[PDB]
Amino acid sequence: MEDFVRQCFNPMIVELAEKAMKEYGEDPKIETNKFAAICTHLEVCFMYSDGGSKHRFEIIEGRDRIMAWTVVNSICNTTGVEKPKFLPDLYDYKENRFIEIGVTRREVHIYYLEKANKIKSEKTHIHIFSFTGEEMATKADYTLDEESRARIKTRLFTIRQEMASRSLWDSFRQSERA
């Protein structure tokens, strides 16, 4: 599965995932399922931000902590929206709201509730994807057009199928916790 991650994801995504794991004392070569999950969430965040028009989204995920908060605090001062307690994943300039992106190996409704209870940021918009084409967004408001969403869901399904063809999926599928 370490080989799978390194050939499947772009090298900057892989480097970011490695850093994120090591910042919590985890070895990407050992906790390989976690390695893959972080890479997938990152790739989805980047795909999401490419989904609209140029300049529609600001990417917050994937930045070091100081720059990420400089972006958040800047947006809050420029648009007046409330400052979140946790770093979200994107800001949407069209809808003027932060977005929290979730990618789950379990079911989208359970993950949605968990995310909602965890952030408790009434104003942050939540959008969840699964590896089997399901999604769940706040107020059933999905932000992107169906073509963009289809691209994301299609990529997640491809990853899922690739893992399965290597007998890695069932270990990966059961590795997520609440």
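What we label the rigid core is the largest C-alpha set whose atoms superpose within 1.5 Å from one form to the other. Residue numbers count along the first chain shown, from 1. Compared with the form deposited in another entry:
- Only one candidate in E135, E114, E43, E26 has its Cα displaced by 2 Å or more between the two forms after core superposition: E26.
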Second form
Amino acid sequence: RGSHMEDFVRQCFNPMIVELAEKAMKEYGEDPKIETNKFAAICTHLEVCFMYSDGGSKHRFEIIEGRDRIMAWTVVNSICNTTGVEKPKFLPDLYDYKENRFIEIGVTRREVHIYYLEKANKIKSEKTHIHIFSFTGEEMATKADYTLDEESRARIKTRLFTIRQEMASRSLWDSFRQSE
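Can I get the form deposited in another entry as well, since the one above is the form deposited in one PDB entry?
Lone chain follows.
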């Protein structure tokens, strides 16, 4: 079976994002052909991570997401034993070489207050910065430190709203909203 959401995801995101999401889903044992809504969510979260990395200077952000599980952890230990920063219990998404902290990036279809709370409950690591974006343009970061330029975060937000418009124009937004 081939769904509409699957054919939309492959057309919306660039091929480098799609295969990085496909490899990550199969690496954790889930089929992008069937869990199509999470397929869309990983591509979305992945693109936001890359846009976030493009916000600072050239050699400021180190990307951990998208890598294979073993290599993603390899980079973390290298950073930890370089920076003298505690090794996080869970895999983060980035590392800020300027502010010396790992970053967890969240993208939700719900209230930014709600997801931060559960994101901090599962993290339990006080050092890793948390940064949430929403499909409605809201954002909440830890200690209100949003790290990036206003222009850089704004580019992320408008991209997220474009995705929801394209989903809504294909009637796929309602199913995507009720999947999270």
